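K.L.:
Listed below, chain by chain, are the residues.
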Amino acid sequence: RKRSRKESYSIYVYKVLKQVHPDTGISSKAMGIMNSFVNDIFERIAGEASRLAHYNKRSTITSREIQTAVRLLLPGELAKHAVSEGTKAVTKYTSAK
Amino acid sequence: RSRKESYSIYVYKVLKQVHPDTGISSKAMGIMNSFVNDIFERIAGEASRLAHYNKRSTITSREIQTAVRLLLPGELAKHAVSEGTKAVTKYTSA
Amino acid sequence: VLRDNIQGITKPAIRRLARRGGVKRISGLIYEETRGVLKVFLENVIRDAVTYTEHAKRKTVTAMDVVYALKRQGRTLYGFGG
Amino acid sequence: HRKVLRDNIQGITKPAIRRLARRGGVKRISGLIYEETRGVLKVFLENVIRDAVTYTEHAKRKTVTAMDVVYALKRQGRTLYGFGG
Amino acid sequence: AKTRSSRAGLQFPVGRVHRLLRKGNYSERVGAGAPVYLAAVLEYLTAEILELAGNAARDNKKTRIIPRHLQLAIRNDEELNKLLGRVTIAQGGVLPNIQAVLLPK
Amino acid sequence: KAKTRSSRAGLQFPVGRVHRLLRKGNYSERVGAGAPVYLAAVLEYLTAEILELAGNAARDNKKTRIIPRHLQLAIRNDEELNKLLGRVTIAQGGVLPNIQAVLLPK
Amino acid sequence: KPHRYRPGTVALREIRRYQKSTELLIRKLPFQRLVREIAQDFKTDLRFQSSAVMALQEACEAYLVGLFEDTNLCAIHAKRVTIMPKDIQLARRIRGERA
Amino acid sequence: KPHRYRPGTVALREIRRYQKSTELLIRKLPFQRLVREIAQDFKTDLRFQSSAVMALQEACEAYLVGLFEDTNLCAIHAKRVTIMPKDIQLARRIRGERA
DNA sequence: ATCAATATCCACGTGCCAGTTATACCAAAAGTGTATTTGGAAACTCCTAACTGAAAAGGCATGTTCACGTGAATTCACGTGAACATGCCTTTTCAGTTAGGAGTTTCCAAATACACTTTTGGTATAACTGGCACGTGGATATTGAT
DNA sequence: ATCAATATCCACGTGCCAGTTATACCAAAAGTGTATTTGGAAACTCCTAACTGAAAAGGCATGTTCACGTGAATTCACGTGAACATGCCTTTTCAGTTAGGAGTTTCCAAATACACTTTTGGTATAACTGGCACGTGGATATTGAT
Ligand SMILES: [Mn+2]
Ligand SMILES: [Mn+2]
Ligand SMILES: [Mn+2]
Ligand SMILES: [Mn+2]
Ligand SMILES: [Mn+2]
Ligand SMILES: [Mn+2]
Ligand SMILES: [Mn+2]
Numbered sequence: 030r031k032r033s034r035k036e037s038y039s040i041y042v043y044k045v046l047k048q049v050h051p052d053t054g055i056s057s058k059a060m061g062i063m064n065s066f067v068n069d070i071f072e073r074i075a076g077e078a079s080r081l082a083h084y085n086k087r088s089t090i091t092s093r094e095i096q097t098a099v100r101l102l103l104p105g106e107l108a109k110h111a112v113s114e115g116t117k118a119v120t121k122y123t124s125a126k
Numbered sequence: 032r033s034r035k036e037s038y039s040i041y042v043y044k045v046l047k048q049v050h051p052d053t054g055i056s057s058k059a060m061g062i063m064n065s066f067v068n069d070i071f072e073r074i075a076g077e078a079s080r081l082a083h084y085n086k087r088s089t090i091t092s093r094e095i096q097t098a099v100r101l102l103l104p105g106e107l108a109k110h111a112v113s114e115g116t117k118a119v120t121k122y123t124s125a
Numbered sequence: 022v023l024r025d026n027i028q029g030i031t032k033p034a035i036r037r038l039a040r041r042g043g044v045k046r047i048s049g050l051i052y053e054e055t056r057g058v059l060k061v062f063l064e065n066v067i068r069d070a071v072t073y074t075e076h077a078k079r080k081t082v083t084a085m086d087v088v089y090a091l092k093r094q095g096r097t098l099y100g101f102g103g
Numbered sequence: 019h020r021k022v023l024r025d026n027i028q029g030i031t032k033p034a035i036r037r038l039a040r041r042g043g044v045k046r047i048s049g050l051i052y053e054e055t056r057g058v059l060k061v062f063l064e065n066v067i068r069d070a071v072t073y074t075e076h077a078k079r080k081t082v083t084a085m086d087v088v089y090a091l092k093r094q095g096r097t098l099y100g101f102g103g
Numbered sequence: 015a016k017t018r019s020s021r022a023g024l025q026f027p028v029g030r031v032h033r034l035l036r037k038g039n040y041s042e043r044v045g046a047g048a049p050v051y052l053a054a055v056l057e058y059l060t061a062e063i064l065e066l067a068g069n070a071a072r073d074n075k076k077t078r079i080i081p082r083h084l085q086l087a088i089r090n091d092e093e094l095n096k097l098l099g100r101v102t103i104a105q106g107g108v109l110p111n112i113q114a115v116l117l118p119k
Numbered sequence: 014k015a016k017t018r019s020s021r022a023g024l025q026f027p028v029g030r031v032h033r034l035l036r037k038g039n040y041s042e043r044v045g046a047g048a049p050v051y052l053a054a055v056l057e058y059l060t061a062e063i064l065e066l067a068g069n070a071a072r073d074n075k076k077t078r079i080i081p082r083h084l085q086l087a088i089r090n091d092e093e094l095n096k097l098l099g100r101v102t103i104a105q106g107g108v109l110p111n112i113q114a115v116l117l118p119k
Numbered sequence: 038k039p040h041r042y043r044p045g046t047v048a049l050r051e052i053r054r055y056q057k058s059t060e061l062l063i064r065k066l067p068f069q070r071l072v073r074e075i076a077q078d079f080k081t082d083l084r085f086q087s088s089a090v091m092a093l094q095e096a097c098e099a100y101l102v103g104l105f106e107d108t109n110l111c112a113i114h115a116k117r118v119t120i121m122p123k124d125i126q127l128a129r130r131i132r133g134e135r136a
Numbered sequence: 038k039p040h041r042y043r044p045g046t047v048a049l050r051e052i053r054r055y056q057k058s059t060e061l062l063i064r065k066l067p068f069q070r071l072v073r074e075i076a077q078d079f080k081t082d083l084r085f086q087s088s089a090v091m092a093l094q095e096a097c098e099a100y101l102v103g104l105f106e107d108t109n110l111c112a113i114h115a116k117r118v119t120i121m122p123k124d125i126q127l128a129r130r131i132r133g134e135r136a
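Residue numbers (full-length UniProt numbering), protein chains in the order written: chain P, 30 to 126; chain B, 32 to 125; chain U, 22 to 103; chain R, 19 to 103; chain F, 15 to 119; chain E, 14 to 119; chain A, 38 to 136; chain Z, 38 to 136.
Hints listed in this document are in silico derivations from the structure and should not be mistaken for laboratory results.
It is possible that part of the hints are untrue.
As the list claims (entries may be wrong) - Listed below are the simulated DSS-like cross-link pairs for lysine-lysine, each with C-alpha atoms no more than 27 Å apart in a straight line:
(1) 44(B) <-> 16(F)
(2) 35(B) <-> 78(U)
(3) 35(P) <-> 78(R)
(4) 58(B) <-> 119(F)
(5) 37(E) <-> 92(U)
(6) 38(Z) <-> 21(R)
(7) 78(R) <-> 32(R)
(8) 37(E) <-> 31(P)
Take the sequences, apply the hints, and build the full model.
P.N.:
Okay, structure coming up:
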């Protein structure tokens, strides 16, 4: 019998590391930290967006719920740059169809 | 043409059962309504996470029970678990 | 009289709050330090409350907006909705 | 089968507590600090282990997992990175 | 032809708790026992606070609970105070407490 | 010639996986198509910000491989990442070297 | 002829008066004037439900009173009776609101 | 003739040493016993993933180091350099861990 | 200041193992396409309740006087740090054992999905009164001066 | 101690408004009964990793000695908050305009739902090596005695 597949973000974290420090690697314990960080930030944003939709009696979480959650959770400059990256990713995703 | 729920009706019912000759101001009722909604979201929120942790789709009364043990301090948890098992027993046989 | 609104939170009012907090003797520098704290607290809460308002496409900050903001800051408030 | 466990809070040695205060930037330590720290650590460990085992029981498991500890730490506001999701 | 609250023995709306659970995005499914258990827990805790708050009103020689009596009832009980340690009761004030070193003589 | 939603969005983070976790996490009844895209971009961004600051700390310590100590120095020395992760513990990360001035001699 | 209470006597009387009561201790209009000014830096032409401002005032006064308790403990810990800015600063640091 | 560093020199050297490093400062096996003693007096016949015990030790040492930082500020605030139990108690009371 | 003891920094070479790399296998997601359903942006209108304005009410600003709390200075007993001898118990590496975690499959009690019936809780309007806020006198306690 | 000023109770009277009581619609739940679907408890068996135990060594814990700097105690000076009476302007309490919250309604873009196809991520084996950890000696920095 085969042990089930344990997903992680390690493949994606490693790519980002290569765009940012092409000559730098990462230890498994450091990779473990990063997987905790991404899952933590995911659930924070998705959780805040969930309450946004409910507070306004909306059954759908959109890019607009995610953006407001990013503004609520991230501090100043981090939110400014995160908003631009998200707004940019969505417009690119829309027109590319 | 607008309606808003609250717990005031059931809160007042519980008040008469414990202090028959006692009233409650409106401000005090708004605080009691906040209290119930707060404890609701805490218990349900914890039960939700318990289900997700154990790859379950159903919040059963066992989830509500473990959430109660996790959220209430010592003795409050003991009597809340008791009153909870009491209501589910009486509900099952009737 | 042209004076700031943060000075509208007056010295005897700050003195009263310290009393409810059980304070017997108040250094003069406390009053400027307190207003700085109060301003920071309100900015953090009003920023989040206004963010809820903008998302609901409204121009009226509701008491629920304030309640949702306080809860996010770990300052859960009872008696103004929900 | 296993030997009775008792008084293990004294395995948190006086040098071990000193080392922790050093990482915390402490220069001089009163003699009473050591038993106060054991009491504080014991309370902290109990609350976490209590929640952890409650997660273990609810899963009808006999083994406390790292996830059990991580969930327990999370709901006490001590989020931990490096031991699973 | 009876309501689930009466069938469970509860002053609290079992049927309403069930609706709030499904509409709260807590899980895909809700068992039939969970809204009963949850309604019983909420009813117990309301009774606990209203009991202690009723005493506080009687001790102020008042017959009607006001937020002050709810504040006094909670901050004086060790466990409700723990359960509501990070909660602010509007128009509740604070418990009378003067540090000893601040008294004269 | 099909293309993943990640590439279509310009992302290195998996939009499709993020969409699955939004539905599987019981956050709402429905998920818009833009939500996983936007959220995957934010996650990818923050991952880049930490890895840049950590990569520098690893360089300052004459190491080529990021370790938890580097992620700790990176986070604690950046005020905005510190605030975001102020209630977080990084296993094997340690503390920032900091001595109260009154504790130094002379 | 005039009567004078000794310093600290009235202050202890004030503590007992204000710990007994629950009324808001900041004046409404300066506070509401402060709320609209702070929000103006975040969004323009904003209106406030009257209960929204009251909510803010109850939360703010509760926050400040609670901070004065911790501040008072810090002063007393330093073998003093007067709260000073370093007391407030220390309380806010240990609370994790700063540094 | 025999060399003696003055009281404080080695302590500051140790501060620099341990703030520089990341390893766990409590011995592994004594800590594992403590966990097993506590857990077993709450529920019998329990086993532990080794990672679960390391997770608990990382949490405790992180918690204690942080508490010692806050403890050190309380002592310095009282014009001492020696942490005392009342410093720890004040730290935990302001943190709300005891209040 | 000079000096010596000691710790510390750094470059050096070492073996080793965790990280990197590359093969194939593959199931499980993910993507694509179709028909189906629906949430909620958009008009518009309604109707609170937030804003403005003006006129009254009482809290705040001001300056003076001095009680006494704070910080500075000085002493000193002794608790705490540094150093050292002793040896114990943690740590380390290997082995064998089986508990219990986890993977697979079956299948039934309990879940959801309707449609339909029934009633409950919210609203509203009118009524109602007693609980509570507030003002009174006057007896006592408190406080500070002497 | 004897006083007197002021604060604080206490027992009582007062009017008013927010609370209690009741009633009538009534839509929106909540319930009932049916058909239908499914999660996850139950079997079973595979296999991971937790536990056990040996055995050696050396990294630390322990306990002791000794000196000395720290915290605590005490005294003293002076300056800063507390107390207070004052002069009055700011907040508080009222009125009649509308901004915009919130309801209702339509209908299209956008979501879910199915089947089917493609590939991408994770596991695993073999393989590999360069990064780092370790040990050394050797030049440099720091500390304490003088
Ligand atoms: Mn035991
Ligand atoms: Mn020994
Ligand atoms: Mn078995
Ligand atoms: Mn009814
Ligand atoms: Mn000293
Ligand atoms: Mn309009
Ligand atoms: Mn691949």
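K.L.:
Please name the hints from earlier in the document that this structure breaks, with their numbers sorted from lowest to highest.
P.N.:
4, 6 and 7
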